[PDB]
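A single protein chain has been omitted; all remaining protein chains appear in their positions.
Per-chain numbering from 1; labels A, B and C assigned in written order.
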Amino acid sequence: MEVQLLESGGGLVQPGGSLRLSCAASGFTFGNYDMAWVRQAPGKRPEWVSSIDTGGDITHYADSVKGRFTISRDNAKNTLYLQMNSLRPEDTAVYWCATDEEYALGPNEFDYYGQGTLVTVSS
Amino acid sequence: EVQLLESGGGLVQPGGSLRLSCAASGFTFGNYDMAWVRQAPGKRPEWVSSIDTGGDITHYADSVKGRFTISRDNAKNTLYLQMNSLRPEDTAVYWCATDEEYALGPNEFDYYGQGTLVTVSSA
Amino acid sequence: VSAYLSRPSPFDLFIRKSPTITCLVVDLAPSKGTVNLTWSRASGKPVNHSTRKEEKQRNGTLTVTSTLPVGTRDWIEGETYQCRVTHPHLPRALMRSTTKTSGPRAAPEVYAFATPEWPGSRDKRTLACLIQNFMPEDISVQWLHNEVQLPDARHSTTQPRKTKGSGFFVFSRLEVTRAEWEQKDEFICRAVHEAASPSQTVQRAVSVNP
Partner (left out) sequence: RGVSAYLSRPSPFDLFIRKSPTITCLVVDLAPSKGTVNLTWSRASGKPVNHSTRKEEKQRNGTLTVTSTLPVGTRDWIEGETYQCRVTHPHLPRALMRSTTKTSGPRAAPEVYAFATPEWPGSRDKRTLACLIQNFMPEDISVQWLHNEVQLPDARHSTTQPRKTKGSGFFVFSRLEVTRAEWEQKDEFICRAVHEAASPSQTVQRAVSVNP
């Protein structure tokens, strides 16, 4: 087992737009790990975004993104998703999917990070 | 695995002499530097002396310099400490010690023996 | 495959006064058979009933954890406990043993500090406690607020490490919120260790605002 996580779906969108991020998992049994998303906006300290349960019953969100983004996963396709709605200039950042051997539901210094993808929100 | 067994403690009058023997077993004694440490009642431990692998290098604490003599015999797997001109101040429990990395100076040694008691008094 | 055997914590030994030793077996590529682990003494005296726990890890590793309550006097007087591990696809049984560490004894000294305030965190502050000058390595560090011990997860404590002639040392880091210090501005760093006197504990209190 070696953890490989590859993000996709970044790009440029106008404020008020929406975007869907797909993180593909490979090299481990995806259905055993909690998953999370982390972002870092240019020149700002990293911020934990959201996290998902193993089965999907538990969702957690930071207050800054709560009710705008919705996290989900498909365990048969080995793919984690983040659906972003009502984007603001505040949300321009690089986004990573992450996981940890012990704790992944909350903010943490996760053991594994993907490669990241960029979301630029502007006119 | 390092097993160290002290012997030779007892009761002696001021100015007397006593000889401490630490028997080594379970490892290649000829590869390790050796040292002696003591703890007097209600006082913090004090490093006493240390011996080189071959026997060429000797170190002593200032309190015991020229009064004690350390030695080792590698064919008999035995470390010795010869104490001359003993004082009441030298009443302590004595341990022989060794370490995988550093043993010449005072240190938090990896291995200690079982200890033996030396009482210097008028008796 | 690897096996480990712990010593009692000083908190278990001296505060609760019911020490326990844990034998831990970590099994990669598992489930060919069933792991059998047997507690024994070197002296041959009876061993108490042991708990046994099996948990599957996220990476597919199986861990087998067994914990034995041991006699308070027996451990202090140098008893030796052995955990012997049998499994059918293991070629020869793994044996681990444990006993009180011999050698000199030294009381910890405890110093507790409060980091300066930093932009971005004016609703929490970082508390830092230094425990040093002690030996043997075994120590338990605890944080108390309003006379009640905080959960262990609130703080993180470094592994003990040598100073080359002064004894072992450890640091403790705790994050406290504004509500907690507004409630009561006293946070207590307490160390449990064999050579501490009078009751095997030493502590120092720190406050955010002097």
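Operating definition for what follows: contacts are C-beta pairs under 8 Å (C-beta built on N, C-alpha and C of every residue); 3 or more make two chains touch, one makes a residue touch a chain.
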>> Of the residues C:34, C:59, C:163 or C:207, I need the one that contacts the missing chain.
In response: C:163
> Out of A:54, A:92, A:108 or A:120, which is the one that touches the chain we can't see?
Replying inline: A:108
>> Give me the chain C residues in contact with the hidden chain, please.
In response: 109, 111, 113, 115-116, 118, 126, 128, 130, 132-133, 153, 156, 158-159, 161-163, 166, 169, 171, 173, 175
>> By the contact criterion defined above, which parts of chain A meet the unshown chain? Give residue numbers in ascending order.
In response: 38-40, 45-46, 48, 94, 96, 98, 103, 106-110, 113-116
> Residues on chain B that touch the omitted chain in the whole complex?
Replying inline: 27-28, 31-32, 44, 100
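Here, only the chains that are shown with their structure count from here on.
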>> Averaging over Cα atoms per chain, report the distance between chain A and chain C in Å.
In response: 35
> Using the average of all C-alpha atoms in each chain as its centre, how far is it in Å between chain B and chain C?
Replying inline: 31
> How many Å are there between the centre of chain A and the centre of chain B, using C-alpha atoms for each centre?
Replying inline: 61
